[PDB]
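Trainee: Whole structure, please, built from the sequences with the hints as guidance.
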Amino acid sequence: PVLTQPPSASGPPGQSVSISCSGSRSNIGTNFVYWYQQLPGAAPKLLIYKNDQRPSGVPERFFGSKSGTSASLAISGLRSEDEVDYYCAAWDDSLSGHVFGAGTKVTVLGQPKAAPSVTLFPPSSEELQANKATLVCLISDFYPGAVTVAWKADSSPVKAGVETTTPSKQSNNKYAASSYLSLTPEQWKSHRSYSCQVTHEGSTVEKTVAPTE
Amino acid sequence: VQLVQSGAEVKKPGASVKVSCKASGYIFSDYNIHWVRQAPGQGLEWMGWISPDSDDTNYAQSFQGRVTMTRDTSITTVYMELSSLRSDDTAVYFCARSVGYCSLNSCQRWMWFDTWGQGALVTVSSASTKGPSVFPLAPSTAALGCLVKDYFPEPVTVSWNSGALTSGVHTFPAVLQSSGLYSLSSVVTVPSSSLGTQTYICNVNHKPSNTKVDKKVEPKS
Amino acid sequence: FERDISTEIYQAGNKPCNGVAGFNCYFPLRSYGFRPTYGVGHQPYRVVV
Amino acid sequence: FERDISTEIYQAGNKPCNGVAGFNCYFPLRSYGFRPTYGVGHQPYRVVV
Amino acid sequence: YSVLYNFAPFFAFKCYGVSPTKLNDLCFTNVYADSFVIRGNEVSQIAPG
Ligand SMILES: *[C@@H]1O[C@H](CO)[C@@H](O)[C@H](O)[C@H]1NC(C)=O
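Chains as they are written, first to last, in the deposited numbering: chain A, 2 to 110, 118 to 221; chain B, 2 to 141, 149 to 229; chain C, 464 to 512; chain D, 464 to 512; chain E, 365 to 413.
Hints are all accurate, no fakes.
Straight-line distance between alpha carbons at most 25 Å, and here's what the computed PhoX-like set of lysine-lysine pairs gives: (1) B:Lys224 to A:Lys197; (2) E:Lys386 to C:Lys478; (3) B:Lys223 to A:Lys140; (4) B:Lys131 to B:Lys12; (5) B:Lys228 to A:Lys197.
A few chain A positions that, by computed beta-carbon distances, are all more than 10 Å from chain B: (6) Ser17; (7) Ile20; (8) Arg62; (9) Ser68; (10) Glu84; (11) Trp159; (12) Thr212.
Across the chosen pairs, the derived CB separations fall in these ranges: (13) D:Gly482 to A:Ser19: 42 to 48 Å; (14) D:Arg498 to A:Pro60: 19 to 25 Å; (15) C:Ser494 to E:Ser399: 30 to 36 Å; (16) E:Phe400 to A:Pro56: 26 to 32 Å; (17) D:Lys478 to E:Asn394: 42 to 48 Å; (18) B:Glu10 to D:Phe497: 55 to 61 Å; (19) C:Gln506 to A:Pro8: 45 to 51 Å; (20) D:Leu492 to A:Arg26: 45 to 51 Å; (21) B:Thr58 to A:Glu209: 51 to 57 Å; (22) A:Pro8 to C:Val511: 54 to 60 Å; (23) A:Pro60 to B:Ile209: 50 to 56 Å; (24) A:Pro60 to B:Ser25: 24 to 30 Å.
None of these hints come from the bench; they were simulated from the model. Yeah, the Cβ is synthetic: ideal placement off N, Cα and C, and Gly gets one too.
Mentor: Encoded structure:
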C-alpha cells in the first residue's frame, strides 16, 4: 500500500535535516528503496539508486540509508535546490507493482508583511446597456496569504455560486487572490452600494464605491 | 537522450484520449517504458510496463480493464489511450523509461526510472469552443482593469494598446466556474492624472478561436 | 535434477529474519549485468542440456 | 594496501615552499568536526576492513 | 565469529568473497585487521575499483 511520511519538515540552512520513510514487511526491508525529487512544474528525477549510491551529476551532498523496515535521507545545505519536494519509492508483492509515497515538503528557515490592497471596480455603461453585470473585487500585494473575501451588500454577506481561486506565486514572491460573482444587473441596480471588505490577518479594509460613481 | 511526448487538452468525459511517447537518440529496442500519473497536490501512482520489442504487457491491481496499449515500432513510438475517463483523473502523465530490461514479475526490484518524459496536463470538461467575451470595466492613483469572460479553451493572451503599453501590466491566474467555463482579469496601474487625458486600449487574442476582439475603455463620471 | 524456486530470505546470522534484510540476512537472488561491452568471460551463453 | 604519513606542505605547482604557506601551497592534512548538531550524513563511522 | 554480531547494527556489509557463516568451516593462517574513521557520507566509495 502507501508509505507513511510526514507532510513537511524544515530546518535552517547550514545544518542537516532528515526525512523518514516507514514501510511494512513487504513494502520495504526485503527490497530496495529509491528516492525521487521533482522541481515544481517540471519532471521528477533520480536521487538515490540501489539504496546507497547516486547517479552522475548528483553531488556527494545527498545521502540516504535504511536500517530495518524504514529508511532515512540526509541533506546538508539548503541554498537554491533543496526547496523542492521529495518522494520515497520501493517495490512490493501485494500490489505486484511499484508503490510510492505521499509527499514530503522541505523549506528553509522571510519577507516583510504586506497589507492587503483591494480595489473594487464598478461596471462601465457598456455593461449597463448590454444587460450584463458581474460583481468583481480582487486582492493583491499581500504576504502571507490569509485573505478571506466577503460579498457584503451593505447589510449581510452574499454566498451563492461564489467562484474563488487560490493565491499563486507572482514574480515578486507575493500573492494575488481573485473572486467573481455574476448576477442579473437588475439586482445590482436594486443595490444601494457595494463593498468587498477583505479580512486578512485582522486588518479589515473597506473600499466603497458608488455603482454610478 | 530526449523524451518529448504529445499531450492533450480539455475533453468531454467518457471519450477516448490519445497520448503518445517518442523515443529519440537511444535505440528503442532494449529499454522498458513505465507509465505513471500525478494528480495535482498528490503522490504518484503506477500503471504498468510495456516492452518495446515485444507485445509484453502488465497492469496494476486497480487499473486493469480501462487500459489498453498499442505499439508502433516503425514510427519508433508507443501509443497510450484511456477509455471511460473519470472526473478525478486530471493528472499529468509521464512516459518514464527504466534502465535495463525486465519482463518477469520478480525482475522489478532492481528497476529505477532513469529518465522521464515531460508531461502535459490533460483535463476533462464540457463547454462549447468559442471566442473570448471581454467584459467592460470602469475605474475605482486610481487603477482600471480589463475583464475577459467565457473563453474556451485555455489559454488567452492579453495585450494593451496593441503592444504599445508595456509598463504597469499585471495579469491574474485563471479561475474555475460552476458552469464549466473559465474567467480571467487583467488590471493595470495608471497615474491619477491620466484617467481621462490619456485613454488606453485593452486587447485580447485567443489562438484556438482564430479571432480578435477590440474595445475602448472609458471611465465614467 | 531438482529445480528450486523460492523468494524467501535466507538467514545468515544469530538473529531470525522474517521481513528485514540488508545487514546480516540476505536475499538469495542476484541478477546478471548482461552488457555487450564485456569480452568473452561475461557474455550470456545460451546453454541447453 | 600501504600506509603513508607525512607533514611537509604540498606544492600544487612551481612555487618553492619549505615551511611557508603560499596560495598554491596547502597543508595536506585537514581535520573533521564531529558534533551532535550534524545529521546522519556528517557523522563518524568506525569503518573496519 | 559468533561474538561479532553484538556490536550494534551495521551500515554496509557487502562482500566480494566467502560468506561470514562459512568462515568457521575453513581454517586460516593470515588475515589483515585495520580500521579507521571516515565521515558517513564517504563510506560509499570504499569499494574495489
Ligand atoms: C566494550 O568495552 C567496555 C569496557 O568495559 C564494556 O563495558 C562494554 O560492554 C563493551 N561493549 C560491548 C558491546 O561488549
